[PDB]
Every structure is written in structure tokens, then in C-alpha cells.
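Just the one chain here, the form deposited in one PDB entry, laid out as C-alpha cells.
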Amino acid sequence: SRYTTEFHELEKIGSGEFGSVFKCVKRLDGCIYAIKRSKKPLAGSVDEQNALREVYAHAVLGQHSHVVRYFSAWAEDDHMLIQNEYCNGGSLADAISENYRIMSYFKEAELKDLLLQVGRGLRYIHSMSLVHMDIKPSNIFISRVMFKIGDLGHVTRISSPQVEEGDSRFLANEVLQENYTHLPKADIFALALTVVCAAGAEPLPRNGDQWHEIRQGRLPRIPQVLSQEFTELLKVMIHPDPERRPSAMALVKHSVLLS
């Protein structure tokens, strides 16, 4: 087995319908990697589509400091294995949970740094004519601080996109409406709600009234003291008109975030 041969398994760091992820050290180089191991999807299935979106995302993107680096992918014993960068900080989602417990927080300065850094990653993805389509805390990973976009299984072309809808909680209305003429702006919407989660918002709605209230352009209630100017920024990032939301490039060059 290549997996056993090339790597020694240290720790299971994730599990779910995606299978399992393991912290592994690669024998040859002594470095740490996160390796996803899953059953090879049934041919013709959503799972196979998602897996192909991921393979061909790596084929296009190469390497960037706000994107989780992809190293290799193979199949064996009817399983597939994906070897990625190990981000020693876990996901933003884990860090938010930890904050909700110890009890610490992301204040304004930290939130702005998160917006900029993930924004840089988006900027790069979009310039390669791709969109991520599943931005959320559990898909943002931390190295220690560097924030990096991972989990590329929903990535698709700005056109023609094969749209597998992301998490309903972070999903823009126009995507739900089968309008895919400005998909980059859906990544922007999701990022803003991602930053709102980091700022300590209650769990985001999956549907019903408050869900629609957000797509009407209204920020979920936050628990802390944010500037009117940072607020306005997040507000326009979920503007019902995706053309009014800033592009990634407009985002990374904004006075509020700069530095």
C-alpha cells in the first residue's frame, strides 16, 4: 500500500461523510501532511463529481499562500487518498468553537486580518477563472498566523459552472435562484458571513425567516463593538445585488482592511 509505505499515520484529525483525515508524517521528508482517505465514489454520483471538481481544481491552481497546498492524490483498495498541507491550527470552525468555550474572541483587528487573508486567496482563485462555492469556517484552515482556503470539492469554472450548491447557511440567494452569472460574488457573500461567525454570531440559519432576512442584506446580530465602517463593509458584502458586492480584488485593496 502506497499510503502505509510512504507515510506513517499519527492521528485522526477529521471524520464525516467525506471519510477520514489523518495527520501523517511522510517518511522521506519527515514533514507533516493532512491525508484524506475516503471510499472511491460510485461512478456517476455526486460524490464522484465533487471529487473531480477537486482534482481538476488542483490541476489549475498550483500554489498560493492563502490556499491549502495540494501535493498528490491516488487510489488504492477502492479508496481515494488526497495529500495536502497540514495546517497546525486546525480550521477556523474549531477555533471559533474554542473561543465560544475558553472563553476568548476575535476582535475587530483580528477579524479584518481574516477578511484580508481569505480575500487574497479568493482573489487568486478568481483570477484563474475559478470559484470556490463553499466558503465557510470549516473550510478555512490556520497555520501558526496564516489563513488558508481548503476543501475544493465545490470549485467550478466561472463559466461554464457545474454548480453544486454550498452550505445553505452561507449561500447567496441568486445562486439558490439558479443565477450563475456572477459566482465570484457568491464567494464574497460567504466570506462575509464567515467573518460574522468569527465575530461571535449565533449559529446561522439554514432556512426560514431569518435566513431570508440575511439575503435581504441584513447582518446577523453580532455580540461586540465593531466600527460603522467595518460593518458597512460586511453589509455591502451581502448586498442582495451581487454586482454591488466588491470583487475579491476590490476587497484586498480596501482602506478599511489595509493594512
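Only residues modelled in both forms are compared. Positions refer to the first chain, counted from 1. Heads up, when I say rigid core I mean the largest set of C-alphas that superpose within 1.5 Å between the two forms. Compared with the form deposited in another entry:
- Just one of the listed positions, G217, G200, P41, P220, moves its Cα by at least 2 Å between these two forms when the rigid core is held fixed, and it is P41.
- After superposition on the rigid core, displacement of the C-alpha of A109 between these two forms stays below 2 Å.
- Relative to the superposed core, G62 shifts its CA atom by 2 Å or more between these two forms.
- Once you line up the core between these two forms, the Cα of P161 ends up 2 Å or more from where it was.
- 41-50, 58-62, 101-104, 160-162 are the runs of at least 3 consecutive shared residues whose C-alphas each shift by 2 Å or more between these two forms once the core is superposed.
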Contents of the next structure:
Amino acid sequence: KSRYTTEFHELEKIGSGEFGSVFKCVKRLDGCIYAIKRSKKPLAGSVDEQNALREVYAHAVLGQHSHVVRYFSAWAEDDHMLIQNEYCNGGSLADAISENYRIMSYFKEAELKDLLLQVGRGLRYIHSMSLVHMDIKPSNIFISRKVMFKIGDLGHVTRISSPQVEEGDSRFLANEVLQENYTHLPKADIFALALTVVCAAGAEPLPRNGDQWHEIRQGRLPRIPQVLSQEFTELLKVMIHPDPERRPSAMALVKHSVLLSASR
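Mind giving me the form deposited in another entry, seeing as the form deposited in one PDB entry was just shown?
Partners and other molecules have been left off, which leaves just the chain.
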């Protein structure tokens, strides 16, 4: 007899986690399609509940922007927490990347700069709302169709000067965050965005740990299977600089000369 059951029709599963799943659903009264995550409700008062609620609070402030997915509603049922957000019809950036890997045709420089600029505009909004994302990666960027890239998955979002941080994907994690130096949190999103663009440019699967992981955190870009301009490659390289203060801010990124050609 639930709200979820009565107001929506499920069309297809689009996501799966440890204690939840995501469906593409049509809402019965308005006719429109939504992505609805349904997750097991955490125990009352726990730090898990506070974590889950930061995500609801994050969407409810961060969704006004064109490069963050819109939020529509969140509610608790008996044992479940639901979040109804915008459905992006083009899927994740990760699935596009996987397809591109198989066929040997990747995002070209002009598409990579458009990716960098659009997600950079989304981070710029996030950062000006006094928040950081903390988990930028291709599986958390979604595609609507020109192409529009939108940040989703707000489950690591925290305030910009937070003393406590749940770190995101190991493949995209800056070293300073791993060492618990949270002085420059916005520059973790910049570091992760750089390696997101490297993935899109056709790189091999990034390391989770080991020597190559440390190689990258020296400021070395992984091998990219295509010719990029030197100034674009150097923008990416400084975005993974070991000093986070040397990496550009999201405002400096969107105003960058290299990205002036991509500005719509």
C-alpha cells in the first residue's frame, strides 16, 4: 500500500547498491519519468542516518543548477528511504566510457573540454553553496541530450570546511584527503574531475592502489591514447598537482583560456 507503489510505476532497474536499488519510474499523476533510489532505512540516531540525511539535504540545495541532477522528493517508508530525482536518458559517463573502450573511439578534445567545462560549472555551483562533492567519478556523472553532463550521487557531500570526511573512490582520491588534511577540500573535486576526463579520453582502468596509484599523485597523467594539445594536457596535469593550492579552483577552471573555445 506504499507511496512508492501507488504513485509510481517501475519501468527498469538502473542501479544497485549494498542496501538499495535504483529504478527508472513513471509517476502516475504527472506522467514524467524519474530515477528513484530506494535504500534500507538506517537505524534511528546513528551516524548512518546522519550520513543518509546529508544526501537529502545536499540534493535539496544543490539541485537548482543545470549541471547537477534535479531533486523532486524524498520520503521514508516502513523500512526504506526513497529519493526521487531527475532521470537522465543518456545514462552514466561510465557506460559511455565502457562502450568507447570496446570500439576504440573515445571523446575527442572538443568533447573532453565540454565535459571539463560543464562538470566544472556544476562544481562551481556546489562550491559556492559551501559544499564539496567528494566522489567525482564517471559513474556519478549522468548524460542528457547537445549533450548535457550532470553531477549525481550526492552521498559523500559535506560542507566545505568539514573536519570529518568520508572519502570517495580510491581511483579518484587525492593524496591529501587520504592523509586527512582537509584544508583544501574543493581541490579534491578538481583532482577527481581531472582523472574523470582522463578516463573519458580513453585511458586504461585507473589503479585502486599500488605503485601506479602513487605515480599519479606525483602529478603524472596516465597514458592517453590520442593526441591532445599541450595546453590542454598541461591543464589536466596541474589539476592533479600534489600541492592542492596549485590546482585551479572551479571558478578558475570555467574561466580558463583553454576552455574558452568550449563556452556555449
